[PDB]
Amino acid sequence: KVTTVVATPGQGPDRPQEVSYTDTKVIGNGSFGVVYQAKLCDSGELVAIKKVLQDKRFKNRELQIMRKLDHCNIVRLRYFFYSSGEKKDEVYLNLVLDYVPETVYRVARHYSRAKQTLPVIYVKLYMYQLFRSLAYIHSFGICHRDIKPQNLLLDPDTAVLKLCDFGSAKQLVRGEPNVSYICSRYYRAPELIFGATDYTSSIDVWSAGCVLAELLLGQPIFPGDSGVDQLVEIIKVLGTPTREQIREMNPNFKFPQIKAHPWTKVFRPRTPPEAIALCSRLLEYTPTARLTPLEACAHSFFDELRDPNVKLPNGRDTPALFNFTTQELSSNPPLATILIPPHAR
């Protein structure tokens, strides 16, 4: 019925509170553990509870990253607490998060299975907000490392996107090596497939680019169940990478010598050229030639979002889009002139 636990608020001072919740049910199972959904008694608010086994040795990295995060496009840690339950005398970490009812995956799938495309204004709204969350976490040196449609939460009434699952997220320091086997199926950057250990935070941007193409195409842009297949699909668009381009990703195989497909010809006829242009500047072999998250926010493809008259198809106003903080703009402070339009309060 009602479950009452003593939970530590995520943000703020470490002062634990009795928190009660009912209607608990399962909404996810995975390598990480299990996610529940329940209703808070004192508010009626829906929450998602992510339950993971707690490493006895070290502190949980996800918890420590999520406790440092505060941004309108990242899912909020409301509380966290510790429980028992299975394994063998082990401790479980429970991350209590704001429940968001939808994901880009489920929504993209509705449209693909209905054979329409997701309206571009949603592509603008969703992609812009993803790039904001990245601008933010990247300013801390934190790379998400598993950006994909299932990790992009959506509230279809407000058009708010929230990035979730920081289970793979890590701070990337120059000269410190990092595992290359992060990141999922269709969204791995070529330098990961090639097994680079010196990759940078632009892998997230490659991934984001894959989401954008997919929202435009109605299907993944680089499918394949092996790296080899994914790589072949990549070369079919970007063309065969050059010696310099290969070096910028890795050592040490020749490839199909196939010339580039004209990016205008990779998408449906009605596709906006600003979107095709933004794709081409995210999906670059050379990981330093890719746009930064903040630069992409400032991209012309998103200009419509900065129009004073724009509204959601449901009639409502657009959600927070311009509350940039100094931290978020740090990559490139002068972009504020473009990012914060005259009407934004």
Contents of the next structure:
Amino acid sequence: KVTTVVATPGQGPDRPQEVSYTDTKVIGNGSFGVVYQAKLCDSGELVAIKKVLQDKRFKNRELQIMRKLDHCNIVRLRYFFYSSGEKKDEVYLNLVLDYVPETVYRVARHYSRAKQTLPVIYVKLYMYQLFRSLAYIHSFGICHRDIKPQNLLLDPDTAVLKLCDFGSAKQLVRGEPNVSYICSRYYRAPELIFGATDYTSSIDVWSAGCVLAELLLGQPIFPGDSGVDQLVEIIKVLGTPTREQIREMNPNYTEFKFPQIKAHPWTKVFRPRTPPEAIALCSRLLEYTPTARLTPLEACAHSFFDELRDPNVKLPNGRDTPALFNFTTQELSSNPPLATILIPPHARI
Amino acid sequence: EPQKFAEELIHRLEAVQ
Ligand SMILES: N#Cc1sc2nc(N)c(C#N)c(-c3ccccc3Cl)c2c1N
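Form solved in complex with its partner chain structure, per the form solved without its partner chain context:
The complete assembly is shown below, putting the previous chain first.
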């Protein structure tokens, strides 16, 4: 069963071309609409296809964002095309994406079930690549807002990571309201829980820290049932936020009772073998004040990732590391002098 | 909303200590 459609290149010239695919299999449910796997007849390559319902009366936000993005650490929009069906009367937007075989969730769950933690070398590789993608999208003012282990795709052999699913992504601008009920509770920034409409891209950074901690711990650091229990889990570790911190999150909560609760030491949080720099990175990712959190680019330059900038560093399978040093001007636009650290001498010329 | 939410939050902290 072979399907032939007229598709438009994702970031391309905007000249539609005929594309044929086959072997349609369901991968799972994306943010909005389900995700299929398929094989391009021409190349033989595997792709992911997220079919979403499109309303003819307005433009698709995800599509607008996706056509801007080209990055090694982000799942790329190969093509897009339209189709109809499902009671008809409407049109579906089909996003043809890179196919990637694995997720951090599946890998983390694979180690946790064996009562083990992911080797620090993978934690370094995966987190660094996530921060790069974050640094890239935030430079367009674009906030992913879905950051979580399930949306972190992996190639197990090459150890390449790719951020995926921008169905919740928004381009943020000063003076506009945004839904405070967003992300996923375990990875939801505290200001979001306070119902702050004014939040920035720093919320993705918070989520990243939650992922980092989870990979160190072996479980989500901030569990719990209600959205209000989420805040309880956070203060059980970070301690009751100061008045000045509440102000920086949601000013509408500045004066309130809020019983003082001692912060649980970061070193007592993780297992005794946990690297010091891993703990320092995590502590600078998770802060009540969003402005106090590291920028993704700053995170990349953190001492925790110094092992990746070693000329002799290799994967546990003997293969070379993926390209970590390939930063463009757009990636570095937030802090160009950081390249002095980010791009090691051995990768300069 | 703000005073309402802070009241069910402050309660669950009296329960944690
Ligand atoms: N937009 C978009 C894409 S492309 C893609 N590709 C994948 N291989 C996987 C996986 N697993 C996913 C995925 C991730 C989290 C939850 C559900 C799904 Cl289907 C996606 C996904 N959401």
